[PDB]
Structure formats: structure tokens, C-alpha cells
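Take a look at this single chain in C-alpha cells; it is the form deposited in one PDB entry.
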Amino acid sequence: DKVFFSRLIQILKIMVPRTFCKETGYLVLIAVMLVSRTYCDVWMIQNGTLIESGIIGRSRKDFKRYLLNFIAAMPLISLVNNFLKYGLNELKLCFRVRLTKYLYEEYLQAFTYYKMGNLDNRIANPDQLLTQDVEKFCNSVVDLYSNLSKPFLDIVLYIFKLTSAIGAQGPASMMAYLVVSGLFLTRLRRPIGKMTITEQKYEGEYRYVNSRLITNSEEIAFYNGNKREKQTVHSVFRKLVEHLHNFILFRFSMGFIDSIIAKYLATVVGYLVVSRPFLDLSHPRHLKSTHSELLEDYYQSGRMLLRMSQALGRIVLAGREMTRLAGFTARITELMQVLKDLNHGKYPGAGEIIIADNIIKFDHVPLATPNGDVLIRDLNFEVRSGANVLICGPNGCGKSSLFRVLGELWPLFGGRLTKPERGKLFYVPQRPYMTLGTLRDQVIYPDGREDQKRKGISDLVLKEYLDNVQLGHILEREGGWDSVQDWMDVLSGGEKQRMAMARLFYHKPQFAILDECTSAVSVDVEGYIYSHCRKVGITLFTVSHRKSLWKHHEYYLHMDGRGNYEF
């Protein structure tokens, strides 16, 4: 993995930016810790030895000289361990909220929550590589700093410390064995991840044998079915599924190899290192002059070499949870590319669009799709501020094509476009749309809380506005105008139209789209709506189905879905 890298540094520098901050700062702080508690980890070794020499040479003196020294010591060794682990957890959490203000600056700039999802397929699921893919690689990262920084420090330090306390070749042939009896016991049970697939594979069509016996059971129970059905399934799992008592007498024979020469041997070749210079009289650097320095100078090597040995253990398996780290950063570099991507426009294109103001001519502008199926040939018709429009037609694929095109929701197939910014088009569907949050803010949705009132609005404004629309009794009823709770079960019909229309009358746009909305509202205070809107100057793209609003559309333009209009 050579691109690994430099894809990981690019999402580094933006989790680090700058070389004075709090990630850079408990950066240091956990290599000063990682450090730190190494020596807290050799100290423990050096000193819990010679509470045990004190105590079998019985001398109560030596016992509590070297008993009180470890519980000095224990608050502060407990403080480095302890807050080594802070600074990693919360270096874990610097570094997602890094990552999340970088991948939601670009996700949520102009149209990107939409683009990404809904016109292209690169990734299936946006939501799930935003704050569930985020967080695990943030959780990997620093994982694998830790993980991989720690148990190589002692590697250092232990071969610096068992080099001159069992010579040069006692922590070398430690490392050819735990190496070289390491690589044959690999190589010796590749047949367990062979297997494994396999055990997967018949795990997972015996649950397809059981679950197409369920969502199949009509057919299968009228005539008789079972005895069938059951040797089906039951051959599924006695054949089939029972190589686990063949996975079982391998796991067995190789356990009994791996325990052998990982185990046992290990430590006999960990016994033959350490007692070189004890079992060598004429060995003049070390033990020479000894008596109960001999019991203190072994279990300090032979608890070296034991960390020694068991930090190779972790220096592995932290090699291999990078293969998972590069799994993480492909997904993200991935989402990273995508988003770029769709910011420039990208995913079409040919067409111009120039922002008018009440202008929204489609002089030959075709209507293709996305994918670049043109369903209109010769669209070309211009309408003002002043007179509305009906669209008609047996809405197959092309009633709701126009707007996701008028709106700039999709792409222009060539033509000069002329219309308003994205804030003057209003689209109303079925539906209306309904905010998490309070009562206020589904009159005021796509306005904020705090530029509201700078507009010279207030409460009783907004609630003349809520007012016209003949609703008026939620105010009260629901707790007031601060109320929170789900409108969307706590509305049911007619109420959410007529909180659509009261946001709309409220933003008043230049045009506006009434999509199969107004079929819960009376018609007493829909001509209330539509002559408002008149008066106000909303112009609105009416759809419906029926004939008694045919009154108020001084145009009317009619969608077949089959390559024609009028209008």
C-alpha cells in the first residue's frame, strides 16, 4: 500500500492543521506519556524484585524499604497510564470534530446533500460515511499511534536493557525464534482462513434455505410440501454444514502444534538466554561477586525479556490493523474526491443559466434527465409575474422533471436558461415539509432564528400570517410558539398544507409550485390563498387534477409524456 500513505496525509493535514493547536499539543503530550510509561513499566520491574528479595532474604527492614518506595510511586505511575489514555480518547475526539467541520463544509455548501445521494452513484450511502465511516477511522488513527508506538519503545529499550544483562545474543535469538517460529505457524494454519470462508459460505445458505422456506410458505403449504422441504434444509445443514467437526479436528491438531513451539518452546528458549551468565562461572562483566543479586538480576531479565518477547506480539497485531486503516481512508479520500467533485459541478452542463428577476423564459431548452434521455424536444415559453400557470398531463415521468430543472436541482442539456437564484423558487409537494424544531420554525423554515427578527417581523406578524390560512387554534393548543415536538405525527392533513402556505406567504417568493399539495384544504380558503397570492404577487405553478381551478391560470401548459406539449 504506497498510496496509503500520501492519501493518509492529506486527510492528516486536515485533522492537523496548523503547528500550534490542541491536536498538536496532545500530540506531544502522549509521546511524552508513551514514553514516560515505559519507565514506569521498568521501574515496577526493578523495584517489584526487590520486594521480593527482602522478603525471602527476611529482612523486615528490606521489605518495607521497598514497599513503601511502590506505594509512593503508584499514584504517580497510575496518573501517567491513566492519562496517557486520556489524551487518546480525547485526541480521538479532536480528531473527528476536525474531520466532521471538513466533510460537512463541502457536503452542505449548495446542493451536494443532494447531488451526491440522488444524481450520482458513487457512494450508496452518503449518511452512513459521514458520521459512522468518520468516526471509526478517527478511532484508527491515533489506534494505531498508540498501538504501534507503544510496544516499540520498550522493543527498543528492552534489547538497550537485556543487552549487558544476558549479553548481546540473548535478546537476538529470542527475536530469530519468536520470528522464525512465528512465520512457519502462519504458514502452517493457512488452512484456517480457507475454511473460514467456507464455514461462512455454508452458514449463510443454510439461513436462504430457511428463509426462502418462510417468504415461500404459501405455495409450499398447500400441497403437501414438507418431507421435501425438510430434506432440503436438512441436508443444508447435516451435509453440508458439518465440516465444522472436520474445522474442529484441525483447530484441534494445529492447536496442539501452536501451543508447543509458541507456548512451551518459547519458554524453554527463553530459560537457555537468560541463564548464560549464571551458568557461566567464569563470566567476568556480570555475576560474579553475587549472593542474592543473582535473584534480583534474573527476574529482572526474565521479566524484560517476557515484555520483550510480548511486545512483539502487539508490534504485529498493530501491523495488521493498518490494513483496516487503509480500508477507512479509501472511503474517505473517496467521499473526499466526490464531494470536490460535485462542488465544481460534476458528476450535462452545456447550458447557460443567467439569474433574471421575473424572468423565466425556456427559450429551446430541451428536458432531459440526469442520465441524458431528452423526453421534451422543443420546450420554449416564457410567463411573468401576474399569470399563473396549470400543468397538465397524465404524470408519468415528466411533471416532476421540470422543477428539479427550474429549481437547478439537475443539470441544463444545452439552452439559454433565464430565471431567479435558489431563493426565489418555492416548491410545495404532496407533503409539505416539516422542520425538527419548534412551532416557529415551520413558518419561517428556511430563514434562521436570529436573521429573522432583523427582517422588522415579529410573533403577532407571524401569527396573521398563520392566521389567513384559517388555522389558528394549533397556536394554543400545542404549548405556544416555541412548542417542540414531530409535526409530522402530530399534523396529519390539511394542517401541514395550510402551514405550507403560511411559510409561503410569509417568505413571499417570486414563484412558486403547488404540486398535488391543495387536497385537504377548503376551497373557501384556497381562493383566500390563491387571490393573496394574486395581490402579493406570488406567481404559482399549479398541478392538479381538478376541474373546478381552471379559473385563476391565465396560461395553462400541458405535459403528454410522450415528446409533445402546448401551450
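C-alpha atoms forming the largest set that superposes within 1.5 Å between two forms make up the rigid core. Positions refer to the first chain, counted from 1. Compared with the form deposited in another entry:
- For the set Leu148, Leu93, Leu213, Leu76, a Cα shift of at least 2 angstroms between these two forms, after rigid core superposition, holds for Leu213 and for no other residue.
- Annotation: Cα of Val536 displaced by at least 2 Å between these two forms, core superposition.
- After superposition on the rigid core, the Cα atom of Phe362 is displaced by 2 Å or more between these two forms.
- After superposition on the rigid core, the Cα of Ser522 moves by 2 Å or more between these two forms.
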The other form holds:
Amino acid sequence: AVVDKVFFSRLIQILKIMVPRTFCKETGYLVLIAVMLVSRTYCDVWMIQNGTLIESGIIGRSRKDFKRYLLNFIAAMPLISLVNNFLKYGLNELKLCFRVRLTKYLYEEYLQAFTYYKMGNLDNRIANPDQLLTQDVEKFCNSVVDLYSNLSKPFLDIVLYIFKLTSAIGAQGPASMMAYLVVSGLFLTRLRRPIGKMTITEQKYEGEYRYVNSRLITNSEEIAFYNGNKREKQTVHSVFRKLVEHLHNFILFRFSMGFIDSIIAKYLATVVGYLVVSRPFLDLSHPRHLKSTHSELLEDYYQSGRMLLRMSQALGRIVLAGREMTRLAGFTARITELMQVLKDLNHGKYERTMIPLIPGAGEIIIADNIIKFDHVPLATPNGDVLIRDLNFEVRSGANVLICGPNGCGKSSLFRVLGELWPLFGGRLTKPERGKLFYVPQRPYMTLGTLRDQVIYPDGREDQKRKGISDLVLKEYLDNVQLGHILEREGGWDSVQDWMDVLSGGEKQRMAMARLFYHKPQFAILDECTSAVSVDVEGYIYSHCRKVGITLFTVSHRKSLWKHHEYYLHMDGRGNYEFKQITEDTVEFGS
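What would the structure be for the form deposited in another entry, given that what you showed me was the form deposited in one PDB entry?
Keep in mind that what follows is only the chain, not its partners or any molecules around it.
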């Protein structure tokens, strides 16, 4: 966390987005707050000027002045609350507007052309973006406004109290106090160095203690066989003794340092203040400033006495407000990193994935109801190569049955099929993205009603454009024998978490119904028929054949061996076999 020119450049570049134009509403609050930061100070000086008049009203034993200068305050306290309680409202609204603007900008690009997937899986620059896109934006927006509202009040306070004291005390009055405060602060900060070196040793020792305890807990059974009671007691005792012996020295040092600090920084600033404020009074020949009565010396002293304290506290506040920039640097760096990675991913670039050209070297031509693999070597984007040159073609009305060992490199073939992963050499044909439905073992279910569940890729008005009525939807559901769910929660206006309301077979049949409704050109089945009867499987396959949808089957079951044309058999080492049908089985064994 470093404050340099780069930090300011990054911050201004980010800020250009949250304040786009000159007449946006986020500039209304920027003046509504400026008009109040300069009224709060006037209210403060008025209050300290009126308090002394009230006090001298009674110290002099006169009821008229007391009554008058008390009513002047009673009838004007309501207006002092509005300023203080309107500044805060302005600040809160400004923070919220900043948050909304930044979040909208980020989400307008985080959900563009598979970026949300590539960032999570295909890149490792950012880990767990769901927290970076939720918790960091709020904190950044809060901090960038806290800094502005904390560096701006003390500045006005000192600028007013150093020009209302150069007429009362003199030119040297405030200066001889500022110099002392600066020098004492430097001296104390230099003295207080060792505290920063013991607070790390304390943490190290505490970590050792907790580690020993956890080690004892984990391996309790092994040490319980041969009298593990004695030794471990000694070990924990030794660690605890080291910790408790360090703490005594820490406490003694804190004691001595506090004793010095009190004298230097609490009981000598007051003496300096007394001397500085007293210089005008204890000089009889002073140039005409004070040749007045007691009831004027009283006010003249106490106004200056109360203003020196408020000028001194402002320095402390403005110095303490300088620890916000070191924190803001981290948030600025993180958000700039996120923006850069989004901009990279929106283009054809990526680094730190999960020999031919890595990013992309091929071409994609879009056709209908046809897929062509002619010299298309597919490989993982990490240097490893799955198979050598591959060549085979699949037409419409045929099937591609997958048989062989566990998933292995087949997952890579699936990912590259639906764009997603890159193309390592070769030319290929494909449909336009949304005709390659891929149903996993557990179908994806969203939060919504049954209509959205069946029509998830689309919405309500989209369904209306398709001219499909509720009765047709009933017929589709009845095909997979899901007609008893309409009454399960009342119908199409029921909102429930479908993850723990439907069984696995019900979800799989729901996915089949969704596929039937959408009627895609190509689909992929990955062991999603674990719990289904033979009759339903036969019916869905027959209906799919009647409609004319090409299907891919990873089942490996004998009935599915029967009900497909082609087969792709690989041994894992890398090889593909493509031919019509063998009479008995694949001529290589299993």
C-alpha cells in the first residue's frame, strides 16, 4: 500500500465513472455538502461566543442579561440541529449513489459472452470473485467519502481559528502552540518505536501455543496407547511459560512509556496554553486592546481560551485522518486489477490457465444441422496434448455413442464443443451457441415458478411470442409423467427451492421435458439416466427420433448400445474409432 502518482491516477480514473456528467444528481450532493461544511463552523463560533455572554450574565448577578442571552439560544437551537443532521444525510446518500453507479458499471461487463465462466475457471488471476464484486465495492465507496468528509472539517476549523486569534492574541499566539505540538508529536513517535516489535513476537508465541494444542487434539488416539499424559503436559507448560514471561516485560514497558507520555503531552500543553493566552493581559501598557471593565476581560479571556482548544484538537483529527489513504490504496489496487482482467477477458486473451499457438489458431464457420472435424487436434491449454490429429464427420439423423473408460479427456471434448475452451489448430463447423444443450447428472434448477423452470432460457413474454398455451405445457409434462406436480404447490405461481423439493428422477425428467420443449438441433447426455424406467427412456428416444434431433449418449448401456448408429471408443491413451455398427460389439474387447 503505497501513495504515489500511480495511486492518484488510478483513483481519478475510477472516479471518472462515478461522476460522469456535470449535471448528474451526484453533483447535487457535492454542493449540498459544501454549503453545510461552511455553516457548521459558523454555528460553532456563534455558540462559543454566546456561552460566555450567558455565563457573565449570572457571574455579575444580573437577571436581565441572563434572560436575554438565554432566550437568544433557546430560540436558535432548532436551526443548529438541521445543519448537523443534513450534512450526514447528504454524505450517506452520496455514498449510496457511488455504490450503485460502480456496481452497475461492473455488472454491465461481468456478464458478457462467457466472461463469468472464463474468469472463474480459465483464469487464476482473481480467486472467488463473488466476494470481490459484493464486499469490496461497498467498502471502497464508504472509504472514498469518509476521507473527503474527514479531511475537510479540520481544515476549515484551523483556517478560521488561526485568523480569529491573530487579532486577539497576536501573530505568535497560534504559531508558538503549533510548533510545540509538532515537536512533541515527533519526539513521542520516535520514543514509541519498540511497541511495534513486541506485538509481533506476542502473535508468534500465541500461534505456537494454539498450534501445540491443535497437534495434541489431532493425534490424541496415537499417544493414548503409551502414557502420553506426562510429556504433552510438559510441552504445553513450556510454551505457556514462555508466553507469560514475555507478557511481563511488555506490561512494564507500557507502564513506563505511559508515564512519560502523560507528562509530555497532557500536563504541559495546558501550561503552554496558559502562557500564550495570558501574554496580552499581564501587560498594562498594551496598545489599547484592553482598557475596559471586568465584565469584558472575562469574555475576552474565555473566548480565546475556548478557541485554542478547538484549534489544537483539529491538528489531532487531521493527523489521525491520514491513516485512511493507506487502507484506500488496497481497495483501489484490487478494483483496478479487476477492471483490467475484465477488459482482457472481453478480448481473446488469457493468462495463468486453470507446441501450437495457445490462445487461438483456427476458424469457426456457422452452418445448420452439420458438424465437421477435419484436422482438428484438441488439447488442454496447459501444454498437455490429449490426442493427435482427429478426423470424423457426423450428419443429421445419426448418433454418437460414447463408450470407454471414465471421463478422462472427454470432458475437454465437451467443453470445446460448445465454444468455451480454445481451438488448437484446425477448422470446424458449429451452430450458433444455443443449440448444444448439455444436461449433467443433476439438472440446473433456478429460483422461480414452474413456468420459468420449464422455460428457463426464456421468459414470460418470450413464451407468449411462441404461441404456446398452458395446455401444451401440460401435455409436455404429461409425456414424462410429471402431471401430478401441478397440484403439488398449487400450479404455476409457486415459489420454492426446487433443490430439496424434487427428487433426482423428477429433476432428470424435468430436464427431458425442457429439452423436448426447446427442440434443439444437438444435445449431450452425460449419465443423467441413472434413475429412470425402461419405458420412459424408450418413449423419449422414440419421440426425439420422430422430431428429428441428433443426440449424444454417454450411457454405455446395452439397450443404448442397440439404439444408436455410430460409436466412439477410446482407451485413454488416445485413439478414436468411427464406423457404422459391428455385428457383435467393438472388435477390441469390452
